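Peer 1: What follows is each chain in one-letter form.
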Amino acid sequence: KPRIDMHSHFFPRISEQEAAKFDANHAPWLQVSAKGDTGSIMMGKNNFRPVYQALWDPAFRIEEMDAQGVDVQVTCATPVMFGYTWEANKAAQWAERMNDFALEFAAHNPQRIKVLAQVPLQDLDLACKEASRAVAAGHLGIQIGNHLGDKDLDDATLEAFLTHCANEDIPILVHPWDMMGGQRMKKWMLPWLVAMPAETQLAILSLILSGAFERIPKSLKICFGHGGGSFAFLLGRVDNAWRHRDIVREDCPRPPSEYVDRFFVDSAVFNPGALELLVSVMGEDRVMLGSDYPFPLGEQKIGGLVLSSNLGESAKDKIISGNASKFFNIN
Amino acid sequence: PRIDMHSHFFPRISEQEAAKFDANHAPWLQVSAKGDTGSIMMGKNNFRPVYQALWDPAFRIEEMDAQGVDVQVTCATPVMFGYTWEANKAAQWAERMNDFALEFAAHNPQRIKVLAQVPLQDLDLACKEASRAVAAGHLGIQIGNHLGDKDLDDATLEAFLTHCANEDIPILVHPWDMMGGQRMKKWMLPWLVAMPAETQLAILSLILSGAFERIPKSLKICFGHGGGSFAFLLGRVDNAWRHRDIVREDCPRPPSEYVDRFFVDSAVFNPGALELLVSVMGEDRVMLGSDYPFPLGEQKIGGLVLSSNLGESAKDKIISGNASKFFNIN
Ligand SMILES: [Mg+2]
Ligand SMILES: [Zn+2]
Ligand SMILES: [Zn+2]
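Line order of the protein sequences matches chains A and B.
For the first sequence, the deposited numbering begins at 3 and goes up steadily by one.
For the second sequence, the deposited numbering begins at 4 and goes up steadily by one.
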């Protein structure tokens with residue numbers, strides 16, 4: 003009965019010089035302060051994001067896990083590490099390096115720290131090879147971004163990657179990233195508050211409405227980050243549109259709500275009513291506790307929203323433990 | 004009583020009538036030899052397959068009688084906005100459309116109420132048309148949060164909302180659909196994803212910019228389709244405000260405290276969604292709207308609210324009471 007957090011991130015000890023070998027403007031690296039408790043993710047000479055010790059230091063992290071009552075945490079790259087816009091070979095070299103960094107991090111305590119891998123998703127052949135390599139080496143699955151520029155999950159290359167993972171029993175977590183919106187959505191974290199949930203909804207609907215679930219093997223274990231975005235709340239609208247418009251129906255033979263048995267979401271939705279609605283839509287077997295640890299807005303009491311919800315005790319148990327045990331094959 | 008405050012009409016134009024505005028930018032109705040179908044036209048190409056309830060108020064009252072709908076507030080189909088055109092030519096278009104709206108309502112003004120469109124690309128002309136249309140019988144204004152290509156949040160929009168608040172002019176907001184850029188090409192994805200996100204963005208932009216601090220409390224503003232995803236995603240917005248400096252810069256209160264400054268319609272297509280919407284907004288701030296007579300408008304008007312587990316007073320407020328106060332309907 004381990005308490006499992008399946009949505010969290012790490013960042014490796016990459017120096018500026020190391021990152022420069024790949025891309026001096028675009029490869030992220032880690033700057034750590036003198037006292038060593040805080041740092042920043044850097045991109046070239048630019049500060050990308052201020053971070054703290056739990057992000058890079060697994061010993062420090064275990065202490066916080068202890069204080070949170072988290073037994074096992076599944077962790078994966080900070081999305082800035084993805085490098086989906088890079089030349090494909092360079093991106094594959096980068097992924098292998100990051101994925102090796104991830105295993106080194108988990109090596110501190112592999113019973114309590116699990117890792118998922120990144121892949122050079124812009125090149126289907128290399129992405130499949132890295133997925134298989136990383137898993138064989140000890141990763142429990144892969145984390146990918148939810149789109150590749152104007153390519154959403156219905157794109158043939160992304161469907162093909164998902165099918166490879168299905169065929170090799172490799173679980174996937176889909177994380178929103180590279181948020182839509184252009185220029186008008188800059189201030190007050192609007193990309194995070196508006197664009198991110200729409201990104202995740204768009205990913206899920208792209209799979210459903212394109213008929214991708216009719217082609218991708220049922221074996222696929224796939225989870226959408228941050229509660230599935232706005233998906234669960236806007237599902238009624240989707241069903242209504244499918245019922246009454248032929249162009250919504252053309253590639254999708256069953257009502258869209260029926261395909262919730264083909265994917266999972268994490269529980270990171272911040273509000274009790276929102277979580278209750280999410281569970282009623284997805285089912286108790288399909289929502290996994292995930293916190294977004296250690297980022298500033300990743301719920302400071304891990305599992306606290308779930309435990310303080312109205313959900314049944316067995317639902318709470320599945321969400322906190324059972325579902326992720328099965329999803330990631332954590333014994 | 005039963006008031007449906009979200010519905011659309013289209014006037015009976017002609018090609019030549021609209022052609023003197025624009026040949027391939029100005030919309031018009033084409034009803035062929037078999038006058039029970041019709042379609043909205045732009046140039047000579049079909050913009051949208053249309054129904055005989057969109058034009059023809061006699062046809063509307065019968066359908067309104069067939070559903071338990073006593074009073075319906077109706078307004079421009081988004082196609083007729085004309086925000087892309089020259090500000091003076093769009094001002095002339097708005098008037099004709101707003102006149103068409105009144106002659107539509109004139110069929111039974113006690114049962115058909117209308118809201119007006121404005122040349123929002125020009126602040127002065129929009130404020131002037133809002134006042135003119137309201138004095139002529141319109142009960143308020145429907146705006147899009149766009150200019151057929153707009154940067155979303157500006158002093159322009161705020162200034163227009165202030166003019167309307169001061170003159171007791173209620174506002175209904177319809178969202179832009181272009182957030183997805185070159186994505187969302189299929190399966191009505193802009194309607195299913197970009198639009199609810201846009202509505203959320205419109206609301207949050209007012210909140211996070213400190214608009215509701217400068218806008219008189221007298222403003223009656225309503226957002227379409229439940230406020231999009233706003234109510235569901237508010238928990239994350241509150242959490243972000245609570246823990247991040249930049250989110251608090253121009254907004255002194257938690258964003259969820261500003262729910263009493265706007266209304267939403269009830270068009271969320273799902274029991275659980277409605278229950279959450281009413282929990283967030285309050286029973287006084289949700290109004291029944293159907294999006295009639297569009298194919299994606301709700302089937303049994305009021306059905307979702309009428310079959311809910313909400314209280315009797317709450318149900319009465321949503322179906323009739325709130326709209327009566329918002330629009331000043333007897
Ligand atoms: Mg494409
Ligand atoms: Zn995350
Ligand atoms: Zn509408």
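Don't take each hint at face value.
Computed cross-link-like contacts, DSS-like style, restricted to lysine-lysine with a CA-CA straight-line distance of at most 25 Å [stated by the list, open to error]:
#	chain 1	residue 1	chain 2	residue 2
1	B	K318	B	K303
2	B	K189	A	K153
3	A	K303	A	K328
4	B	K47	A	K153
5	B	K318	B	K223
6	B	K153	B	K223
7	A	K37	A	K3
8	A	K3	A	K318
9	B	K223	B	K47
10	A	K23	A	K131
11	A	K188	B	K153
12	A	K189	B	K37
No wet-lab data here; the hints were simulated from the structure.
Peer 1: Are the Cα atoms of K188/A and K153/B separated by 25 Å or less?
Peer 2: holds (14 Å)
Peer 1: Between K23/A and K131/A, does the CA-CA distance stay at or below 25 Å?
Peer 2: holds (23 Å)
Peer 1: Between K37/A and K3/A, does the CA-CA distance stay at or below 25 Å?
Peer 2: Not OK: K37/A and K3/A at ~37 Å, beyond 25 Å, violated.
Peer 1: For a C-alpha distance cap of 25 Å, please report whether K3/A and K318/A respect it.
Peer 2: holds (12 Å)
Peer 1: Given the hinted pair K318/B and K223/B, is their alpha-carbon gap at most 25 Å?
Peer 2: holds (20 Å)
Peer 1: Take a quick look at whether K153/B and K223/B sit within 25 Å of each other, Cα to Cα.
Peer 2: holds (23 Å)
Peer 1: If you draw a straight line from the CA of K189/A to the CA of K37/B, is it 25 Å or shorter?
Peer 2: violated (53 Å)
Peer 1: Does the structure keep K47/B and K153/A at a Cα separation of 25 Å or less?
Peer 2: violated (33 Å)
Peer 1: For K318/B and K303/B, compute the direct alpha-carbon distance and say whether it is at most 25 Å.
Peer 2: Holds: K318/B and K303/B sit about 15 Å apart, inside 25 Å.
Peer 1: Below or equal to 25 Å on CA atoms is what counts here, so check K303/A against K328/A.
Peer 2: holds (24 Å)
Peer 1: Take a quick look at whether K189/B and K153/A sit within 25 Å of each other, Cα to Cα.
Peer 2: It holds: about 13 Å lies between the C-alpha atoms, which stays within 25 Å.
Peer 1: Between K223/B and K47/B, is the straight-line Cα distance small enough, at 25 Å or below?
Peer 2: Cα-Cα ~39 Å, so violated.
Violated hints for the displayed structure, listed by number in ascending order: 4, 7, 9, 12.
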